[PDB]
Every structure is written in structure tokens, then in C-alpha cells.
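These are the residues of each chain, in order.
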Amino acid sequence: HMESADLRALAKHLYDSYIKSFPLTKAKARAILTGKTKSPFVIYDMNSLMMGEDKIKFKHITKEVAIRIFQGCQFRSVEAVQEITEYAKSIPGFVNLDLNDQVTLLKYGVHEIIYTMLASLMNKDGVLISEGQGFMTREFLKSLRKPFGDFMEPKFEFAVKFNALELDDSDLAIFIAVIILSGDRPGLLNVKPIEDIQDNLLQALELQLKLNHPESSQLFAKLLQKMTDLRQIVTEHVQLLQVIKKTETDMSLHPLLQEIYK
Amino acid sequence: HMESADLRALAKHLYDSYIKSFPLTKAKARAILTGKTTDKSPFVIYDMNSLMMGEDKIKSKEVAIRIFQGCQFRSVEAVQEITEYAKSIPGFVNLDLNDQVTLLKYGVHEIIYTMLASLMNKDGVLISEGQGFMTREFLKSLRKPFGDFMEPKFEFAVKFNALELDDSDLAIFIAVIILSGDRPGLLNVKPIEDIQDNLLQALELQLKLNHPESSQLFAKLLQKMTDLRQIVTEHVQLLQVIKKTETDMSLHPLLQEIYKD
Ligand SMILES: N#Cc1ccc2c(c1)c(-c1ccc(C(=O)O)cc1OCc1ccccc1)nn2C(=O)c1c(Cl)cccc1C(F)(F)F
Ligand SMILES: N#Cc1ccc2c(c1)c(-c1ccc(C(=O)O)cc1OCc1ccccc1)nn2C(=O)c1c(Cl)cccc1C(F)(F)F
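Those sequence lines, one after another, are chains B and A. With the deposited numbering applied, the first sequence corresponds to residues 233 to 269, 272 to 296, 303 to 502, in that order. With the deposited numbering applied, the second sequence corresponds to residues 233 to 291, 302 to 503, in that order.
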């Protein structure tokens with residue numbers, strides 16, 4: 233169906249575009265998390283949060305602290321959506337799809353991709369922020385009041401298991417493309433070219449994982465099994481947000497801000 | 233990890249055990265559903281009157307309850323058939339005993355949905371070992387919550403059935419579902435994953451040999467193991483709500499144990 237050279241070309245194409253599209257790759261994030269490269275500024279409690287937003291001055295972080309961090313996660317997610325959207329245009333065939341289907345694939349895909357790429361920034365002890373210039377501890381995030389603490393912890397829980405696959409950026413670039421080209425998103429008009437592109441991406445991912453992880457038994461199957469979960473986690477996620485909206489009233493934004501985050 | 237001759241041997245073993253464990257294969261269900269055979273034709277239940285004729289042909303409760311209890315009775319038998327099949331999977335009975343219980347507890351429902359599809363087409367489902375056929379339309383028109391309890395099974399089945407898997411494919415697929423290392427509370431994840439790795443390898447080769455023109459059927463089938471997780475969760479959220487409303491219903495103790503947490 234496809235030749236190995238075409239699959240390697242597709243894989244290289246996607247890695248290159250993935251490098252241009254996302255500000256902090258997994259390779260650089262890991263160097264920061266491990267201690268293998272200016273230490274990031276560490277946020278571990280209320281006082282160090284206050285110094286970090288007065289020193290680094292995070293555009294997301296800057303009345304109650306738990307609310308402020310939660311909304312900072314939203315600000316960054318909105319940024320990620322545009323980065324993923326630009327990445328999608330580099331996937332071969334994507335821009336030739338019907339315009340409504342492009343929108344639909346992005347609309348229902350970004351949540352899964354944001355979770356996936358968040359893991360690249362996370363270890364069991366915390367998460368990089370502001371392009372790796374800061375590090376906020378898991379314990380500080382989990383200890384936020386209300387439901388905000390239990391909103392943060394499931395991301396870490398997923399990340400630790402996903403990170404045990406030890407995927408690198410060239411693996412992730414194809415994996416992310418596969419998620420986008422999901423022919424079962426609701427309301428798609430023309431499923432057939434979407435599945436045709438996804439089939440080529442899956443062949444590419446399969447070959448990429450055998451060449452890059454030749455000792456990792458059935459990694460391909462295990463990664464698709466993670467694409468199973470991601471569906472669940474995302475559904476859990478939206479049910480968490482809606483509960484927050486109906487319970488909390490200290491969370492009103494300028495109506496324009498609400499529209500941006502709609 | 234395993235060689236192809238070993239993978240083909242595992243596939244044949246599993247298909248043999250599957251035939252021995254499940255009385256109504258997909259091959260026989262399809263022969264019944266397709267027809268042009270006088271001897272295998274089912275009696276079709278499509279409304280209240282034909283249900284009552286069916287009990288005098290195929291062989302005090304409100305109709306939706308009676309149908310619902312028929313589903314439970316057969317689900318319990320399915321659990322029994324799946325348990326018997328599971329013990330034939332190499333390595334399964336050598337696992338920690340608590341993990342065997344745990345794998346069955348979280349696996350039977352996903353398997354029941356998978357094998358229910360074999361009995362289904364877009365118009366209804368085989369019952370009574372294929373002697374009867376109850377229409378989708380009749381099931382969906384049951385009152386209360388029972389009508390919409392039936393329909394999602396059909397929605398999954400029409401999509402799963404588009405893969406056109408036969409029984410030798412399904413025997414390996416079902417084994418993979420059972421040997422899932424991510425079930426909550428497992429004690430020894432690694433020996434389960436080691437078994438699943440061999441079953442996945444076996445499934446991969448089996449689908450390439452049996453569906454050589456079916457591009458990426460392996461990946462599409464594992465993606466189906468996605469939905470199944472969703473369907474099962476919707477199922478229990480319906481089943482519990484029904485439990486809280488209806489008391490003319492009692493669940494079989496085997497099923498009761500499975501749904502606890
Ligand atoms: N620790 C943690 C934590 C917890 C919940 C989170 C996130 C982080 C993030 C997130 C995603 C991507 C990136 C990135 O740099 O690539 C950075 C992120 O946060 C950095 C950050 C950490 C600490 C305080 C402020 C910001 N997103 N998010 C969501 O909740 C989320 C998700 Cl996963 C998917 C879709 C939509 C959303 C959201 F809109 F609702 F936010
Ligand atoms: N159409 C349809 C329909 C709809 C809901 C159903 C079922 C069928 C079945 C079921 C499962 C396996 C088999 C089999 O022959 O292998 C047969 C089945 O039904 C046949 C049949 C249909 C109509 C009237 C009488 C019998 N089970 N079930 C459940 O609801 C179910 C499930 Cl999936 C898992 C666990 C527990 C349950 C239950 F206890 F709650 F019932």
C-alpha cells in the first residue's frame with residue numbers, strides 16, 4: 233500500500249513541523265526535569283507563587305490563588321489549541337479536507353492532544369510552565385482547595401503512566417497526527433478521506449515505533465490502547481469543569497474573557 | 233518475542249477452545265440471520281402478540307421486565323461461558339487467584355457486548371440459541387428506561403460488525419480483552435501484560451493472514467476496545483438507575499458480585 237521510504241518521509245515531515253509548532257519539545261523538557269542542562275523557578279507553596287509571578291510574571295497566573309492557577313491552565317490551553325491548529329495544517333492531506341470537517345476534527349481532538357502533550361512537561365513531582373522557566377510541584381497543585389486540587393491530580397496520574405512508554409518527539413509527532421485524523425468525530429461530513437489519511441499515519445507510526453523502539457514489545461498496540469483512555473479522561477475532564485461552573489461563583493471573568501475561553 | 237509458527241499455534245488453540253466454550257458462534261448466527269435455509273429460520277418477535285406466541289413455539303410479569311430478565315439470564319450464562327474460555331487461555335489459571343477474579347470481573351461485560359454483536363444485525367438480535375429473533379424496533383419501544391437500555395447495544399454492534407471479523411479473529415480478540423493489565427486492583431501487572439503481548443502478537447498476525455486486504459484492521463480493532471469501555475460505563479449507569487426504580491427486578495448473585503464497585 234505504502235512504501236517504507238514514503239513512511240519515513242512522512243515521519244520526518246511530521247517531526248520537522250512538530251518542532252516548529254510547539255515551543256517546548258519533550259527532549260528539552262526532560263533535560264529540565266532531570267537536571268541535565272539555569273534552574274527553573276520552583277513554585278512549591280503560596281509564598282513562592284507570589285515571588286514567581288513578581289519575578290517571571292507569568293501571563294497566565296497574573303483573586304483567590306486556586307482560582308487563579310486554574311484559569312492559568314485555561315489560558316495556556318487556548319494557546320496550545322492554536323499551536324495544534326497550525327501543526328494540523330502540516331499533516332499531508334489535512335488542508336484539502338472539507339473546511340467544516342477540518343474544524344470538527346480540531347474541535348474534538350485538541351483536548352486529547354493537550355493531555356498527551358502535557359505529559360511531556362510533567363514528571364511524578366510536578367510540571368514545567370512558561371516554556372520551562374518555572375516548575376510547579378505536584379504537591380502544591382494537589383493541595384489546592386475546593387475541587388481544584390482533585391482537578392489537577394488526574395493529569396499527573398495520566399502523565400506518569402503515559403510517560404512510562406518513553407516516547408520521544410519523533411514518536412509523538414505521528415501519534416498526535418493520528419489523534420487529529422479520527423474519522424469517528426461527531427458531525428463529520430466526509431469520513432472516507434480522513435480514515436485514508438489516518439491509515440497512512442498509522443502505518444507510519446507502526447514503522448516508526450519498530451525502528452525507534454525495536455526492543456519495546458507491542459509498543460504500537462500499547463500506544464493505541466492509550467488513545468482509548470484519552471477518550472475517557474477527556475470525558476471525565478469536561479464533567480469536572482461543568483461541576484465547577486455550577487458550584488463556584490468567585491469565577492466570573494470579563495464577558496469578553498469568557499468568550500475567548502468559551 | 234514469539235515466532236510465527238508459535239503465534240499460529242496459539243491462534244488455533246484459542247479458536248478450538250472458543251468453539252468448545254460458546255454454543256452459538258458468529259458463523260452459525262450469520263447462517264441464521266442470512267437465511268435461504270428452511271431448517272434454521274427463526275420465529276420473529278416484533279410486538280406484544282408475537283412474543284406470546286413465541287413462548288408456546290420456541291419454549302405474571304410486565305413485558306419489559308420479562309424481557310429484561312431474559313437478558314440477565316443469558317448474561318449470567320455468558321459469564322459462565324467466558325469463565326470457561328478464560329481458563330483455556332495459556333497462563334491465565336497460573337496467575338494470582340485474586341487477579342483471575344479481577345480480570346473476569348472487569349472483562350466479562352466488554353466481552354458480552356463484543357459477542358452480542360455476533361447475534362445482531364441492523365434489524366434485531368437472535369435469542370433462544372438462535373431459535374428466535376427479536377426486532378430492534380420492538381426492543382426500543384419498551385417503556386420506562388428499558389427501551390433505551392436496549393438500543394446502545396445495537397449501535398455498537400452495527401459499527402463493530404462492519405469490521406467483518408469471523409470467530410477465529412474474535413477468539414483472539416476476546417482473549418486480549420481478558421488479559422488487560424490495567425484493570426483496577428491487579429496485584430501482579432507484569433505476568434498479565436506478558437500474556438497479553440503474546441495474544442496481541444497472535445491477533446496481529448491472525449488479522450494480517452485472514453484479512454490481508456483490510457488495511458490496518460489491527461489498529462481499528464484496538465480502537466474498538468476504546469468504545470467498549472464507554473458503552474460498558476453507560477451500561478452500568480443505566481443499570482444502577484433501573485435498580486433504584488424497579489423492585490420487580492432482582493439481579494442474579496453472580497451479576498450482583500460483578501457490579502459491586
Ligand atoms: N499541573 C497542571 C495542569 C492541570 C490542568 C491543565 C494543565 C496543567 C494544562 C496545560 C496544558 C498544556 C500546557 C502546555 O504548556 O503545553 C500547559 C498546561 O498547564 C500549565 C500550567 C500548570 C500549572 C498552572 C498553570 C498552567 N491544561 N490543563 C487543563 O485543565 C486542560 C487540559 Cl489538560 C486540556 C484541555 C483544556 C484544559 C483547560 F482548559 F481546562 F485548562
Ligand atoms: N437486544 C438486546 C439486549 C439488550 C440488553 C442485553 C442483552 C441483549 C444481553 C445479552 C447478552 C448476551 C447474550 C448471548 O446470547 O450471549 C444475549 C443477550 O440477550 C439476548 C436477549 C435479548 C432479548 C431478550 C432476551 C434475550 N444482555 N443485556 C444486558 O442488558 C446485560 C449485558 Cl449486555 C451484560 C451484563 C448484564 C446485562 C443485564 F443483566 F443487565 F441484562
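One should not assume that every hint holds.
[To be verified] What follows is a set of in silico ranges between Cβ atoms, one per label pair, in the way DEER data are often shown:
id, chain 1, residue 1, chain 2, residue 2, range
1, A, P426, B, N281, 45 to 55 Å
2, A, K244, B, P426, 39 to 49 Å
3, A, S236, B, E455, 11 to 21 Å
4, A, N336, B, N281, 46 to 56 Å
5, B, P255, A, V431, 53 to 63 Å
[To be verified] Each computed SDA-like pair below joins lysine to any residue, with the alpha-carbon atoms no more than 25 Å apart:
id, chain 1, residue 1, chain 2, residue 2
6, B, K450, A, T468
7, B, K462, A, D424
8, A, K347, B, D469
By construction, these hints were calculated from the structure, which means they are not laboratory data. Note that the Cβ used here is the ideal one computed from N, Cα and C, for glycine as well.
For each hint, the structure was consulted:
1. For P426 of chain A and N281 of chain B, the hinted distance range of 45 to 55 Å is not satisfied, since their beta carbons lie about 38 Å from each other.
2. The hint said 39 to 49 Å for the Cβ distance between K244 of chain A and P426 of chain B, and at roughly 40 Å that hint holds.
3. Remark: the range hint 11 to 21 Å for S236 of chain A to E455 of chain B is upheld by a beta-carbon distance near 19 Å.
4. Checking the proposed 46 to 56 Å range against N336 of chain A and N281 of chain B shows it holds: the Cβ atoms sit about 55 Å from each other.
5. Taking 53 to 63 Å as the suggested C-beta distance range, the pair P255 of chain B and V431 of chain A does not conform, at roughly 35 Å.
6. Between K450 of chain B and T468 of chain A the alpha-carbon distance is near 23 Å, which keeps this suggested pair within the 25 Å criterion.
7. This hinted pair checks out: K462 of chain B and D424 of chain A have alpha carbons roughly 11 Å apart, not beyond 25 Å.
8. As the CA atoms of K347 of chain A and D469 of chain B are separated by approximately 19 Å, the hinted pair is consistent with the 25 Å bound.
The structure shown violates the earlier hints numbered 1 and 5.
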